[PDB]
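Student: In case you want the letters, here they are:
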Amino acid sequence: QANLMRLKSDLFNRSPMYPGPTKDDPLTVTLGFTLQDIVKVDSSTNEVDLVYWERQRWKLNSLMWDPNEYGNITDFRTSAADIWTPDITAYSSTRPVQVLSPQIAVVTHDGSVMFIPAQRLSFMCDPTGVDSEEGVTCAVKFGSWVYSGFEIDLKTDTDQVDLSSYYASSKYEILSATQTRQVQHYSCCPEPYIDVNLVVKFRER
Amino acid sequence: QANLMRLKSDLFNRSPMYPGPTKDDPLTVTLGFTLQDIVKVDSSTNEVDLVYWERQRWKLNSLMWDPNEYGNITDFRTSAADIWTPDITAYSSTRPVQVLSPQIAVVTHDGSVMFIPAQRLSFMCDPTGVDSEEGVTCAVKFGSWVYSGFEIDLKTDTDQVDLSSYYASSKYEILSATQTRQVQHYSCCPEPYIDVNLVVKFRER
Amino acid sequence: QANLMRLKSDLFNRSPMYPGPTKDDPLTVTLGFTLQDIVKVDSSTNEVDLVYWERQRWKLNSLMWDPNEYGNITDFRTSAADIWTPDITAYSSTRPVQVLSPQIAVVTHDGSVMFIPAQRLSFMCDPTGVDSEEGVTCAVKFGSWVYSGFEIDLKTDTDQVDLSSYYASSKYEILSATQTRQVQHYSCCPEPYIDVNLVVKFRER
Amino acid sequence: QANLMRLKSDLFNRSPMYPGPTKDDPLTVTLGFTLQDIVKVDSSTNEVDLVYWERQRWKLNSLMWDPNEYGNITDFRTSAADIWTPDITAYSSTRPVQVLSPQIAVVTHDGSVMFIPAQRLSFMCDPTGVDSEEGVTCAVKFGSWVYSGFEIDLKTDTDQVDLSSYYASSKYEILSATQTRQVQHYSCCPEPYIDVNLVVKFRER
Amino acid sequence: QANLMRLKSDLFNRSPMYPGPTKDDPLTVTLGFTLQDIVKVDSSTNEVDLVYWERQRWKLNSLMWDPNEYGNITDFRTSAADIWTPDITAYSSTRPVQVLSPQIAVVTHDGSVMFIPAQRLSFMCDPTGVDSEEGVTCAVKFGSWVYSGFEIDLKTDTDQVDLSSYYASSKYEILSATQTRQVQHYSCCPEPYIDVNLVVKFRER
Ligand SMILES: O=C1c2cccc3c2[C@@H](CCC3)CN1[C@@H]1CN2CCC1CC2
Ligand SMILES: O=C1c2cccc3c2[C@@H](CCC3)CN1[C@@H]1CN2CCC1CC2
Ligand SMILES: O=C1c2cccc3c2[C@@H](CCC3)CN1[C@@H]1CN2CCC1CC2
Ligand SMILES: O=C1c2cccc3c2[C@@H](CCC3)CN1[C@@H]1CN2CCC1CC2
Numbered sequence: 001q002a003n004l005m006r007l008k009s010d011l012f013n014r015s016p017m018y019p020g021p022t023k024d025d026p027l028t029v030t031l032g033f034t035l036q037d038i039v040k041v042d043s044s045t046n047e048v049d050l051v052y053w054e055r056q057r058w059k060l061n062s063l064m065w066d067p068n069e070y071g072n073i074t075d076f077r078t079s080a081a082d083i084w085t086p087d088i089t090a091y092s093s094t095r096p097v098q099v100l101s102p103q104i105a106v107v108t109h110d111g112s113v114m115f116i117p118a119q120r121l122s123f124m125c126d127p128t129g130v131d132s133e134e135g136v137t138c139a140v141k142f143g144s145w146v147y148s149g150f151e152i153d154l155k156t157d158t159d160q161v162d163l164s165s166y167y168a169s170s171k172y173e174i175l176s177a178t179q180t181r182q183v184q185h186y187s188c189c190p191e192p193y194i195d196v197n198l199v200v201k202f203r204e205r
Numbered sequence: 001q002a003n004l005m006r007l008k009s010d011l012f013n014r015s016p017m018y019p020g021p022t023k024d025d026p027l028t029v030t031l032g033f034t035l036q037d038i039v040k041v042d043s044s045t046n047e048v049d050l051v052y053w054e055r056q057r058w059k060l061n062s063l064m065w066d067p068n069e070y071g072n073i074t075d076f077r078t079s080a081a082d083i084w085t086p087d088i089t090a091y092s093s094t095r096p097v098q099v100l101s102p103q104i105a106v107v108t109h110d111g112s113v114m115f116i117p118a119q120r121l122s123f124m125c126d127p128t129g130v131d132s133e134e135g136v137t138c139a140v141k142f143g144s145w146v147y148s149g150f151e152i153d154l155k156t157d158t159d160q161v162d163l164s165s166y167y168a169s170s171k172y173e174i175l176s177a178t179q180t181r182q183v184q185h186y187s188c189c190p191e192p193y194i195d196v197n198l199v200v201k202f203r204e205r
Numbered sequence: 001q002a003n004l005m006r007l008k009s010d011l012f013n014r015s016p017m018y019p020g021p022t023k024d025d026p027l028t029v030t031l032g033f034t035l036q037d038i039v040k041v042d043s044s045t046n047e048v049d050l051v052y053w054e055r056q057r058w059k060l061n062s063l064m065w066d067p068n069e070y071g072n073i074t075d076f077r078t079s080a081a082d083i084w085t086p087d088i089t090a091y092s093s094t095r096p097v098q099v100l101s102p103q104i105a106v107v108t109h110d111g112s113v114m115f116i117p118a119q120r121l122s123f124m125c126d127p128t129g130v131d132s133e134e135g136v137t138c139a140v141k142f143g144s145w146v147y148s149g150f151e152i153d154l155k156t157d158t159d160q161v162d163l164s165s166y167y168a169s170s171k172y173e174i175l176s177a178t179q180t181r182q183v184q185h186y187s188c189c190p191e192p193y194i195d196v197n198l199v200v201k202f203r204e205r
Numbered sequence: 001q002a003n004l005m006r007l008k009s010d011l012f013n014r015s016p017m018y019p020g021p022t023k024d025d026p027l028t029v030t031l032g033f034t035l036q037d038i039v040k041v042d043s044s045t046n047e048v049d050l051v052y053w054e055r056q057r058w059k060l061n062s063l064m065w066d067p068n069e070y071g072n073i074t075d076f077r078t079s080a081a082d083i084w085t086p087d088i089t090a091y092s093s094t095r096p097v098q099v100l101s102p103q104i105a106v107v108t109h110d111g112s113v114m115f116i117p118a119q120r121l122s123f124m125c126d127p128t129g130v131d132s133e134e135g136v137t138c139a140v141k142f143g144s145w146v147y148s149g150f151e152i153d154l155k156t157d158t159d160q161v162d163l164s165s166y167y168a169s170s171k172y173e174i175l176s177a178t179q180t181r182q183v184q185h186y187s188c189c190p191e192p193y194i195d196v197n198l199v200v201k202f203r204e205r
Numbered sequence: 001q002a003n004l005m006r007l008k009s010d011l012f013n014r015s016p017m018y019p020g021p022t023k024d025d026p027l028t029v030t031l032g033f034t035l036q037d038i039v040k041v042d043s044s045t046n047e048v049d050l051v052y053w054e055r056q057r058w059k060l061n062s063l064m065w066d067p068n069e070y071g072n073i074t075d076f077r078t079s080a081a082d083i084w085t086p087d088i089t090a091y092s093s094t095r096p097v098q099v100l101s102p103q104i105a106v107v108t109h110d111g112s113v114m115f116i117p118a119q120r121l122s123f124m125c126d127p128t129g130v131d132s133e134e135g136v137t138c139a140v141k142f143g144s145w146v147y148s149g150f151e152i153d154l155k156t157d158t159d160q161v162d163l164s165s166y167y168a169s170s171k172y173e174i175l176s177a178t179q180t181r182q183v184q185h186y187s188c189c190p191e192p193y194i195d196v197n198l199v200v201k202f203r204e205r
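Chains as they are written, first to last, in the deposited numbering: chain B, 1 to 205; chain C, 1 to 205; chain D, 1 to 205; chain E, 1 to 205; chain A, 1 to 205.
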C-alpha cells in the first residue's frame, strides 16, 4: 500500500492535471466496442437502446514512472475522476447516456491508460424492417465533441465490433457490426473531425 | 502541456471568476440552433421533445492573452465549470433540460468563448394537425432568465435554423425553421428582455 | 467588473452567511405565482402537473450597501447558492419538484432579494369533472417547512395568480386562479404556520 | 442574526461531528408517521406508492446550550447536512425513496433535534382485494440499516398513524393505520434490530 | 462519543485512504446475496428486476486498532464514502443499479469491514416459461470490473442464496437460488478472473 500511495501522491498531488491535447501535442485515442445487447427498439419514436462497453486507450508522458522507484509497481487502478479523460460522445443520442460500471481506469508505468465504461445509450434509428429476414441497419458515431483531428485523432484496433459477449437470448440477432474511423469536414470549421462509426445490422429472433 | 497549464493557471487561478455583466459592462451573446430531431409529440399533454445543439458565443476581456507569451497557443478547451456561462433558458419548457454532450467550451486568445451543448428539451406545443399536409407550427423562445437587455443582448448570425444535421429518418419532416431575435417587456420590470424565438413548422412522414 | 467583484467579496466572503430568521428578527417573504400551463391530469392516481414561476421576495439588512461606495451599482445577479433562501415548499406534492430555470437571484442595494424559480410540480388533485362545463377545482399550499409564523411570515402582493403568460394552446382553460394567505395550526406545535393557498379552477377546451 | 451566528459558530467549533451512537452511549430515536396519500397501486408488480412525512427526534448532549448566553435563542433551523442524522430506512422499498421537502432540521437548546422529511416510497405489497369492502392490508417497516438495538433504540409517541393531513379526495379510503415498535432477529447477527412497523389497511372509494 | 471521534480521526485523518489491492498485497472479498423480491419481468425486452441485499466483507490492516487504546470500542459504523470499497458489479445489467439503503459500513477492530447495500437491479434474462410449472432460470454474475484474481479474490460463505427475507406475497415463487464462485481465464489476458454466478430459478404463483 505504501509504495502505491506514494506513487499516486507524486502523480496527482504534486503536478497539475493534464490540460488536454493541443495542435503542438496531439493525442491518439484508440476505441473499440463490445456490444452486449440491443435492449429496446421503439418504432413510434425511432429510438433504439444498446448496452455496450467502450474500450478507450491513450497515453500520456505525464503519467509515466520508473517501477524501480516505486517497489516494482507497473500499473494501478484509479478513479476516472483523478485523471483527464477524452470527451468522446455519441453524436446521435436522444437521452443522457447511463453508466453501468464503476468509473475506474487502469494506468500503466509507460503512461498508457485504459478506461472501459459499460453504458446504455438511446439513439436515433428507424427500425422499420427489423422484423424481416433482411433486418435493418443503424449507425451511430462516436467522437470528440470539441477537439478536432489536429488535437485528438481516433483509431480502432479492428474493424469488427466485439460480439463475443453478446447476450445469447436477446430479442435481436446481430447480422453484422462494424466500427470504422471516419474523417468529417463540417461547413462551420476548416479542421477535420474524427469519429468512429458503429454500424449494426440486426433483426428479430 | 507546460505552456497551456501556465495559461490556464494565469487565467483561472490568478483572478476571481467573471461576476457576469452589468449595465456599465454589458455583454452580447450570439445564439444559433442546430435541430437534430423531433423525437416525440404528445397530443394528450401538448408536449413536444426536440434534440438540438445550442451554439453560444460571447467575448470577455478578462479571457484575453497574447499568444507570444504562451508558446503561440491561440485557443484551448476547458470545462464549462471553469468559466462563466450565460443563463440562457427555454421559456416554455415542461421538464428540466437533459444535456447530451460534454460540457466543454473553446476559449480563443481574443477572449471569445464558444459553447455548444446538445440537449433534449420538452416544451409546450399543441401538435394538432401534425399528421396533415400543412403540418403544425410551434415556437419556443430562449433567453436570459434574469439579465435584461441592458446587461445581456442576444443576436443571431442567421435567421435560418441549421437543419444540416437533421436526422434523415425522423418521423417528422421539417417544413420551416427560423430563429429570430425579439424584445420582450414584462409587467414586473421596466427594462426589456431579449430572446431568440425558435419557430418550427413540421409534419409527419 | 472590479466594483462588482469587490461588492460581492465584501458581502459574501467577509461575514458568515445569514443563519436565517428567529423570533427576535423575523422575516417577511412575499410570494406570487405565474401559472404557465396545466401540463398533465391523471385521474387514475389523482395527480395534476403544473408548470409555474414562483416569485419570492424578502429583505435582509446584511445585504445592504451604499451604491456610492461601489461605483453606483444598485443591484446584481448571483447564484442562489451564494445566499440564504427560504424553505418554502408545496405541502401536497407527490414527486420532487423539478426546477426549469437557472438558480440565480437578484440582490438590490436596500437588501432586497428577488428569486423566481420556474418549476414543474406534481400534486394531489382529483380531476373528476375536468371535462364538464363547471370544471374542477384543486388547491395546493406553499409555505415554510420548518419556520413558524414567528420566524417567517408570508404575504402576497395580490390575490390573483398571474395568468398573463398562460400557454394560449393549453388543453385546459383556467376559470379562476387565486393565491391566499392562511394560518395553519398543527397539534405538535403551539406556533402557527403560514401558507399561501393556490386554488385553481379549470376545465378542458 | 448576530447571536444566532455566534451560537452556530460555537456549536460547529466544539468537536468534530457526532460519530453516531455505540453500545456505551446509545441513542433513542422517536419516530411517527403522517400519511398524506396512497398515490399508486400496481397489482402486476405488487408495488404500492405512499406519500408520508416521517417525524424523527433524538437528543445529543453535545448540541446543548444555555439560552441566556445567546440572547435567549432556544432553537434554530439548519441544513440536515450540518448534523448527524440516523440511518432509518424502509426495509421493503422497491425504488430509491424520493424526498419531497427541504432537508432542514430543528435543533433545540436541550440538545434535541427534530427532522421531518416528506417522502414518496414505493414498497412491496400485494394489493389484491383493494377493490372490495374488506380492503387490503400492507405493511412496511422502518429502522436502522446498520445499528442494532444496543446502539439505536426506536420508540413511537403513539400507535396511531397521524391521518389529519390525509388527502380528502384520495382514490383510497384508510380503514386502519398503525405504527408499532418491533424487535427483529436476523440469522447473521446475535443482536436484535429495532423497527417501527407501519401497517395500513385500505380500500378504493 | 469522545473515544469514537478520536478513533475515527486516527484512522481517516492521519493517513491516506487505502489505494486498493495489488499483486503484492491482494485482498479477499466475501460475497453473499439475500434475495428480497423479483419485482418485474419483461418478456418484450428480456429484462428482469430483482431487489436484493449484497453482503460484502473484506479486511484491511490499515483499519486495525487495539480496543484498549479507545475505551473498549470494538466496532463502529461509518459512511461508505470514508473508506475504500470494492468495485463488484453485475456483468449483465441493463440499467444503472438503484441503491435502496443508506451507504454505511461496519468496521471491526481486526480491520474487517461489512457493507450491505440493498439494491434494485435490471438484468438480461429471457423469462419465457415463467408462467409454467417448470419455471425459468436466469443468471447474472458479479465480479470486480477492473481487478483480476491476482488482486481481488472472491469467495462465498455458502452456495445458497439467503431466501429468509423473500417477500411472502411475491408474484414469483423461488424454486432454486444459488451463488457460485467461478474462476475464468480469457484469451486477452494472462490473469485469472473471478466472479460469483447468481442463478435463480423461479415461476409465477
Ligand atoms: O457546430 C460547431 C461549430 C459551429 C460554428 C463554429 C465553430 C463550431 C465548432 C467549434 C468552434 C467553431 C464545433 N461545432 C460542432 C461541435 N461538434 C459537433 C459538430 C461540430 C463539430 C464537432
Ligand atoms: O418576475 C421577475 C421579476 C419580478 C419582480 C421583480 C424583478 C423581477 C425580475 C428581476 C428583477 C426584479 C425577473 N423576473 C422574471 C425573470 N424572467 C422571467 C419572467 C420575469 C422577467 C424575465
Ligand atoms: O411535525 C412537526 C414537528 C413535530 C414535533 C416538533 C416540532 C415540529 C415542527 C418543528 C419544530 C418542533 C415542524 N413539524 C412539521 C414541519 N412542517 C410540516 C408539518 C409539521 C409542521 C410544519
Ligand atoms: O446482514 C447483515 C450482517 C451480516 C454479517 C455481519 C454483520 C451484519 C450486520 C452488520 C454487523 C455485522 C448487518 N446485516 C444486515 C443489515 N441490516 C439489514 C439486514 C441485516 C441486519 C441489519
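FYI, nobody ran anything at the bench for these hints, they're computed from the structure. Positions of the beta carbon are idealized from the N, C-alpha and C atoms, including for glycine. Each hint should be verified, as a subset may be incorrect.
Simulated crosslink set (DSBU-like; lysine-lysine; CA at most 35 Å straight-line) [unchecked claim]:
no.	chain 1	residue 1	chain 2	residue 2
1	B	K141	C	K23
2	E	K141	A	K141
3	D	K141	E	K23
4	E	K141	A	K23
Ranges of calculated distance between the beta carbons of each label pair, as one might list FRET restraints [stated by the list, open to error]:
no.	chain 1	residue 1	chain 2	residue 2	range
5	E	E133	A	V183	22 to 30 Å
6	B	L175	A	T158	38 to 46 Å
7	D	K155	A	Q103	38 to 46 Å
Student: State for each hint whether it applies.
Tutor: Hints, verified against the model:
no.	hint	result
1	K141/B x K23/C	violated, 44 Å
2	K141/E x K141/A	holds, 30 Å
3	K141/D x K23/E	violated, 44 Å
4	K141/E x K23/A	violated, 44 Å
5	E133/E x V183/A: 22 to 30 Å	violated, 59 Å
6	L175/B x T158/A: 38 to 46 Å	holds, 43 Å
7	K155/D x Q103/A: 38 to 46 Å	holds, 42 Å
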